[PDB]
Amino acid sequence: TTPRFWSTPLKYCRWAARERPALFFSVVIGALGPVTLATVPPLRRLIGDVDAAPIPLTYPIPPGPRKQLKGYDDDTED
Amino acid sequence: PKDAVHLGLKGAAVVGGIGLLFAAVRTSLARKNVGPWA
Amino acid sequence: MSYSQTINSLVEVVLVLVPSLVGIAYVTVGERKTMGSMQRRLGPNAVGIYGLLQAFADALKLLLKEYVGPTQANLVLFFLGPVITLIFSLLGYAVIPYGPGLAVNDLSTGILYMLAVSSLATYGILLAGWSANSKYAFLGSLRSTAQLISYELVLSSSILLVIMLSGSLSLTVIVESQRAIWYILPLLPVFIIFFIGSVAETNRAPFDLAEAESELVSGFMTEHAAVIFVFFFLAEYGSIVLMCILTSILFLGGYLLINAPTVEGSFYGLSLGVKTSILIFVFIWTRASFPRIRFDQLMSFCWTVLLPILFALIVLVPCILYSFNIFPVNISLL
Amino acid sequence: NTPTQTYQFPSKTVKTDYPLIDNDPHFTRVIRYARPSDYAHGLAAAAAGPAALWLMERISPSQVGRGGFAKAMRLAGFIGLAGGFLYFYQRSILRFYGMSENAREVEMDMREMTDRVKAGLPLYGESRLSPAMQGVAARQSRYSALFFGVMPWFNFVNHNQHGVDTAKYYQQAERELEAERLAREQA
Amino acid sequence: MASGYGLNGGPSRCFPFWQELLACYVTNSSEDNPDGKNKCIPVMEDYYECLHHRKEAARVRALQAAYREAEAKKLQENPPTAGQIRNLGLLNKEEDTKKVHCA
Amino acid sequence: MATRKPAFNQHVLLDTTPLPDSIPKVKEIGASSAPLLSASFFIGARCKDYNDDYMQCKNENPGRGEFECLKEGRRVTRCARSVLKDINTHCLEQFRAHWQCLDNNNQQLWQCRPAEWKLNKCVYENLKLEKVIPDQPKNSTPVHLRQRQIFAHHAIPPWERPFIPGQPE
Amino acid sequence: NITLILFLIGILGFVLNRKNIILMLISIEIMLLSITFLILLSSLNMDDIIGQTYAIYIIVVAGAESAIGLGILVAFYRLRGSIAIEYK
Amino acid sequence: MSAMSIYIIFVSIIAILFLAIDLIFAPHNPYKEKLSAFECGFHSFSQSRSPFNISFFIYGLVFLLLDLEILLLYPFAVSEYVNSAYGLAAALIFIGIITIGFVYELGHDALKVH
Amino acid sequence: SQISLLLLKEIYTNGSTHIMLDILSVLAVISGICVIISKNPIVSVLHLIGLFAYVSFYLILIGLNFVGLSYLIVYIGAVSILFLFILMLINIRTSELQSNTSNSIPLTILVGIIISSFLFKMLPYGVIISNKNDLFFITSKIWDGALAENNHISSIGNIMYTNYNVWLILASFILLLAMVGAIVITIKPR
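Chains as they are written, first to last, in the authors' numbering: chain g, 4 to 81; chain J, 13 to 50; chain 1, 1 to 258, 303 to 378; chain X, 3 to 189; chain 9, 1 to 103; chain U, 1 to 169; chain L, 2 to 89; chain 3, 1 to 114; chain 6, 3 to 133, 164 to 222.
Here chain g stands alone, though its shape is the one from the complex:
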C-alpha cells in the first residue's frame, strides 16, 4: 500500500506529505535552511544588499608608527 521511495521517489513524497505530514515537512523545513544558505547570499549581493561591517568589540588600535603630537602638554595646565 505505502510507496517505496527508491521504487518511485515522487509517489513517496506525495504519500509522506498526506499521511506523515509532521515528519515529512520537518525534513522540508530543515532542508530549507541549507537551501537558504546556498541561494540567498548570492541573490542578496546581486541586488546590492551589502553585509554590514562588524561593530567594534575592542578599542580599535590604529596601525603604523605614532604620530608625534604636540599639544595639551604640562605647561598648558594653567
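Take every hint as true, because none was put in to throw you off.
Below, a list of computed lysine-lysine pairs in the PhoX-like style, where the Cα atoms sit at most 25 Å apart: (1) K37 (chain 9) / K55 (chain 9); (2) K25 (chain U) / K99 (chain 9); (3) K27 (chain U) / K85 (chain U); (4) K34 (chain 3) / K135 (chain 1); (5) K55 (chain 9) / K164 (chain 6); (6) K173 (chain 6) / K25 (chain U); (7) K25 (chain U) / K58 (chain U); (8) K173 (chain 6) / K55 (chain 9); (9) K70 (chain g) / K131 (chain U); (10) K164 (chain 6) / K73 (chain 9); (11) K164 (chain 6) / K123 (chain 6); (12) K128 (chain U) / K118 (chain U).
These are calculated hints, taken from the structure and not from any lab test.
Chain g is fixed; fit chains J, 1, X, 9, U, L, 3 and 6 onto it per the hints.
Chains J, 1, X, 9, U, L, 3 and 6 in isolation, oriented as in the chain g frame:
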C-alpha cells in the same frame, strides 16, 4: 651509627599501619555484623 | 540612592506579590464565570456582589478545614511536596518586567531562571503524589512525570528560537527587541507550539492527566486536603498566569503599547495585563472546547509531531538570520 | 607594493620531501590542482566498496530477503563514494603539503600567485569572516587532510595564514614587472 | 590562565605571563643547549604567582601585621567619621575633604 | 586592584597618599556619565589623535604602560577638558538639554535624538566639530541621522529634522 | 574544601554501598559533581572560561553515563528481577 | 537588602502563614478510618511501594540526552554576532549528528507505546 | 599624624554576605551524607536533588549564574527520571527493611583520613583560601576591558563552536552512542 630501636618503631608503625588498613577492610567485608570495635 | 535599600526592596516585592496574589484569586473566579457563559450559565454571583468574594470564601474555608495525615503516607514528604510546588511556582514572578527593568530581579539569565523554577515545582507534584501511598495519587504522580518528559523539551526548544532573535536571555531585552515587530509575526508556528506546550506545562485541559477526575478521582492530590490542597491550586493558577505572562513577553511584545512616571508605568502594566488577560481567556476557552487526550497520545504528540518541527526550525531560523545579515548583537544595548 | 612583512603568524615546520606550497589550501585550489590520475584513483577507490560487497555476495550469499542487498548496495555505494572523494582530495593536498611530488603544483602556484600580486589582488582572497575567526579557521584546518581517515575537514575560508613566506611571490612579480617595462620601451 | 579566554569575553589575566614563558622556552631552549631553559625558571615562577598568589599573600600578610601594630602604637587624636570619608570629593563639602587629609 | 567583579564586597579601601611631586599634576575631568556620553563624539572629533596616541603608547610598553605613559594620559585629560569648556562657553543650553534627556532615558542615544540634533548643530557652528561614526552602511541613511527611531519609546516629532552639516534648511 | 568532602561521600557511597545499584549510579554522580565543582571554583580564581566549558562537557557525559547505566540496569533487572546488592 | 532575597523571604512566610493557620485554627480529629487510604470505598492490597511497570521509561532515557543537547545550543543563541558563518557551521554539524539519533528513535519506533 | 588607609562600609552596590556560602557548604555536605545513609530510596533521591540545589545556589552566588542555573535545569530532570526508575526497579518496602551494618566505620575513618590528607595538597592556594590577621581581596575597575562586557554564557559561546569545536563533535558522538545504545538494550522486540 644509627638508632636501631628508634628505627624499629618507625618500621613497625609504617608496615603495621598498612595492617590496620587490611584489618579494617576485612572487618567491612564480614557478613555477620560484629560491631565497629571488632 | 535616595532612601533605604531594604525599604525599597520591601515595597518592590509587595507591589508584585500582593497584586499577583489578588490576580490568582480572580482567574479562578473568571474561569468559573467564563466557562459558565459558554455553558449558558452564570458562574459565581452570590458570594460577594457579582460573586467577587468567591475565591476568598474558598480560600478561607480550606485554611479552616481539617487536614488529614494518611497512615500509609510518608508524612514529611506529604507536606514537603506542596510547599515546594507553591514556593517555586511563585518564584517565577521575580523576573517579570512590568516595564523596562521594572522587575524584582532584572537578571541577564531570566529565561533559564524561569525554566529552573518551573521544573522544581513539578517535582513537588511527583513527590506529593508518591508520598500518599494511595493508588490514585500514585497513578497521577506517574502521569506528571510523563507530562514533563513531554513538555520540557518543547518549551525549552521553543524558547531557544526566541533567543536566536533577541540574543539576550534577559526578559526586558526580548520585549525591547519586539519594538521592531512582535515575535508572534515571524515566529507564528513557534507561538502556537509554545502555547500548546504551556497548556501541557500547566496540567490544564486538554492535557489534565495528573489531576484527571474522569479517570483518576483527583489524581496526585486525592489524599491531600485543607491548606495542602490550597497550595496545589495556588501553584496551578499562578503557574497559568505566569505562563500567559511569559507567552506575552516572548511573542506579544510584553508591556509594549498596542506623577509623570506613574502614567507611563500604569500604561505599561495595563498593556501587559491586557495581553495576559487575553491569553488567560484562551486557556479557559481551550478547557471548555476540547476533550481530554490520553497520556500516551500526548507523549506521542510532543515527541513525533512537535519536537521534529522544532528541531527543523532550529536548523532553519539561524540559516535565514545569517542569510539576511540579521544576527543580533549579543552586547548590552536594549 | 611590498607588504614589508611576509611571515606574520607562527607556523609548524613538518619534515617532508618536497616544497610546502600551502599548509591550508582552499577547497577550490585542491580540486583545480588535482592531476587526472587523482580522478582515476578516486573513481577506482569509490567503485571498490560496492564491488567488494558484490563479490562477497557472489562467493558467500548472505541469504537476505528480497530487498536487502539493494539497500546494502546503497550504503556501500555511498560509503565507497564518500571514501573515494576523501582519497581523491588527499592526493591533491599532499602535493600542496610537500608530502608528494609537486613540481607541477609548485609552478602553477608560483604563476597563479604572482598573477594575483601583479594584479594587486590579495594572495588568498578576501574573507567575509573577521580576522580572528580567520585565524581560528586556519588553526582548525591546517594539515587536516592527515586526519581524513578519522574526522574530515575542508578549508572554505579565504584566510591569509598558510605557513609559507609570501616574499618569493612579490619578488617574482616585481622582476616580471621589471622585464615588462623594459620590453614595453621598445615600442 | 593559559587559555587566553576569560570570563567577560576579554582575555584571561594570566595569559601574558603564560605567553612570556612559552616565548622564553622556544627562544632559549634547543637540543644544542639543553640548559638554556633555566632562563625560564623566573618566568615560570611568575606564571604560577599570577595563578595562585602565594608570594603576594605572604607579602601582604607580613606587611599587614607590621602595619597594624604600628597603628596601635601610633598617637591618636581624632578619628574621621564614616560620613566624613563619604564627603571627600563632593561639590560643596570642602570642609570635610580637608579634615580627611589633615590639612 | 583586580579587574574581577566582586561578589561579596562590603568595604571600600581609600588611599589619601598623593602622587609624588615628580609626576606633573593634571586636574581630573569633572563631568558625569550623562554629560560625557553627550560630548563623546566631540571628544573624538578633537582628541582622536591623543586618544589614539595614549593607547599605542600602552601597547608599546606591554605590562608596564600604566607607569610609562603618564604624560600621554595627562595630554588626553587636557584635550578632553578643552572640549568640555568649549561646549560650556557656547551651546550650554543645548548641551544640558541633551544629557539631562539622556539620564531619564537609560543613556540611550536613540531616545534623545531631537536634543542631539539641536546640540550637534550648535556645536558645529561654533566648534567645527562633527559627529562621525566609521563603517556605517552606505546602502542606508546613518541611524543617528534617521527621522524615525524604531526602538525609541516616543516617536520623533515630524517637525524635528536631523542635523546634516552643509546643506541649508 | 567542600569539593573534597563531597568526593569522599561519593567514593564511599559507591564502595560501601549495601543497598541497590541505583545508589551506586548516584554516587558516581556525586563524585562528578565534586570534580566539576572544583574545576568551577578554580576557573573563577584564574579568570578561565575554559574550565566552565570543561565543567559543561563533564555534565553532558555525566548524563550520558547515567542513561547507559539506567539502560543497563533495566536489562539486568528484566532477567535478575532484583537490583539490590546482597550480603549473606 | 536585595529584592530577590526579600522575595524569597515573603513567599516562604506566606507558605508558613497559611500552613500555621490551618495547623492552629482547624479542627483535628484523626481516627482509624479517617486516616485510611482512599480506594473508592473498599480497602484493597497496598501495592504502591512495590515495583511498578512504567511503559514510557525509554522516553525518560531519551529526554535526559536531548535535554543535554538543547543546553549545548543556548550559548550559540546568545553568541550569534561573534560566531557568524564559521560558528554557525559547527552548530549545524552538532544539530545534524543529534538529529540522526532522533531519526533512530523515530524509525525504531522506540516512542510508540501500544 | 596621618592614617592614609581608610576602611569604610559600602552603603549601596555592596555584594552578598559570604556567611551564606558556609551555610550552603554545611547543607550540601549534610544532604550529601543523607543520600547514602537513608533507608528509603525516594528520601535519598530527594536529598540528591537538594544536594544539587545547594551547589547550584553556591555557584549562582559567586557569579556563576549560567552553569549554576544550567546545573539545576539538567539535574532536576535527571533526578526526576532517576526517581522514575526507583519506582520501576526497586521494592521500596523491602529496601526500607534492608539495613546497614556498622562494620564500615573503621574503614570509613581510615579511608577518609588518608585520601583527604593526601588529596589536600593536590588543591591550589586559590581554593584553600578562607579555610587574628586575615587577608582581604581588593578589586578595582578597568575601561578598556569593560567596553562590551559579555555574560559568561556568551563568553563560552564565543569559543564553544569555533576554537573548541572538537569537544562539541566528540560530545555529540558520546550522546549519539547513548541515544542508540540505551534504546538498543531496552527496546521491546517488534
